[PDB]
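Take a look at this one chain, the form solved without the ligand, written out in structure tokens.
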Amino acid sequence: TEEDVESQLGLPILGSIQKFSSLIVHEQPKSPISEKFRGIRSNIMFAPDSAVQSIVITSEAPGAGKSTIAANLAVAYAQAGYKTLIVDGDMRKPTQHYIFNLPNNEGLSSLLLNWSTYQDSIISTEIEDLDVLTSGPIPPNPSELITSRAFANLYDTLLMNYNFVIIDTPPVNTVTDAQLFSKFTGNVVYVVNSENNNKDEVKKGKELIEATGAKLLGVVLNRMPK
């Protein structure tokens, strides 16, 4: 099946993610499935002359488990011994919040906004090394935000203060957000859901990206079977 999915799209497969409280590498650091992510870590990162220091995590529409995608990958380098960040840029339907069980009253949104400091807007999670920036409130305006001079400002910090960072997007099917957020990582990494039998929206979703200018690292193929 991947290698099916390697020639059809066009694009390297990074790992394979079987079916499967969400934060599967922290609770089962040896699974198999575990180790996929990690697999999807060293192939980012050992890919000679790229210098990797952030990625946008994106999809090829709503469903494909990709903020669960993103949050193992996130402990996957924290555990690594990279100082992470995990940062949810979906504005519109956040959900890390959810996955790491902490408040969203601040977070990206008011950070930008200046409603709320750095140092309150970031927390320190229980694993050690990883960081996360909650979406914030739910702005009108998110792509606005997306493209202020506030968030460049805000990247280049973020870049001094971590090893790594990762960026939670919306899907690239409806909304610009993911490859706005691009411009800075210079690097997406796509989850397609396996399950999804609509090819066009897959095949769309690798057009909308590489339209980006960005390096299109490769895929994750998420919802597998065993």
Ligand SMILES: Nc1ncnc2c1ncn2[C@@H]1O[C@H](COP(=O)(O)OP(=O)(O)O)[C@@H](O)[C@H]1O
Contents of the next structure:
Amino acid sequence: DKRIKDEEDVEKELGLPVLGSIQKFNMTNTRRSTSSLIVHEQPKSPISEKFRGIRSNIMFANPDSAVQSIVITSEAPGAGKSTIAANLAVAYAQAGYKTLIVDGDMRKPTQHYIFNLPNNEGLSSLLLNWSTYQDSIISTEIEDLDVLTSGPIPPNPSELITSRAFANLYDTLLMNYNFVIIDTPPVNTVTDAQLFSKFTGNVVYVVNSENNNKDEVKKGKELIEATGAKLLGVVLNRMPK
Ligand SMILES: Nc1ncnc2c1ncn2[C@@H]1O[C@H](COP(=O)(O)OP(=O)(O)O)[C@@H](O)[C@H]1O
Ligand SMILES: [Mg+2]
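Structure of the form deposited with the ligand bound (previous: the form solved without the ligand):
Full assembly next; the chain just shown is listed first.
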């Protein structure tokens, strides 16, 4: 019934460009990757090429665009925000950008799972001054890729995002990294992604082609655009091919 299913649907129903399309993972398109971090584990796979194309699009499709950071978000849970964010981050690092991925989903974080990292310190603890900057950001075994995990689950993420601590951190991150990617919770349920979007001014919108309602997806788009941020485009995920 009501799915945004493909590129035509994105153009016609949402009026956005498609930055890339990510197929549902299989043995062939991931070359039997052991994890969902395809770009790292199988850098020559078809899927890995798609993420490189997304990277090239963001950085080179628009002449004298100067994108320093992006929010990765979606309308609903399970769209593939975390997976797209992590793989895109690796793609940036491989290309030689000093890259940070920030786990800004302080409600249901998964970047520590994806990158196999401890989550005792991270974004929440840093913002609460429980941990230091240098202790909270992890340099991964992937060269040019750092990760700021979510940290412990805080009582009120909104309070942290709107704190002067975060505004000041964000400024510091822009000065320390060539590219910053912020993973977020879904738009329709909490305003976290909208708040982060006010900072980055640039948003990549992930749409699960397998399972979505067009009215819900459209509502999320409108909420993002209402922040004043530029919605760069859509990444279609779980595509049949
Ligand atoms: N293209 C894909 N093919 C198969 N599985 C995927 C794909 N994208 C994401 N997933 C899986 O779907 C689940 C939800 O993805 P996740 O990135 O956590 O979504 P979100 O952050 O939007 O909730 C994860 O287990 C992830 O490995
Ligand atoms: Mg997630």
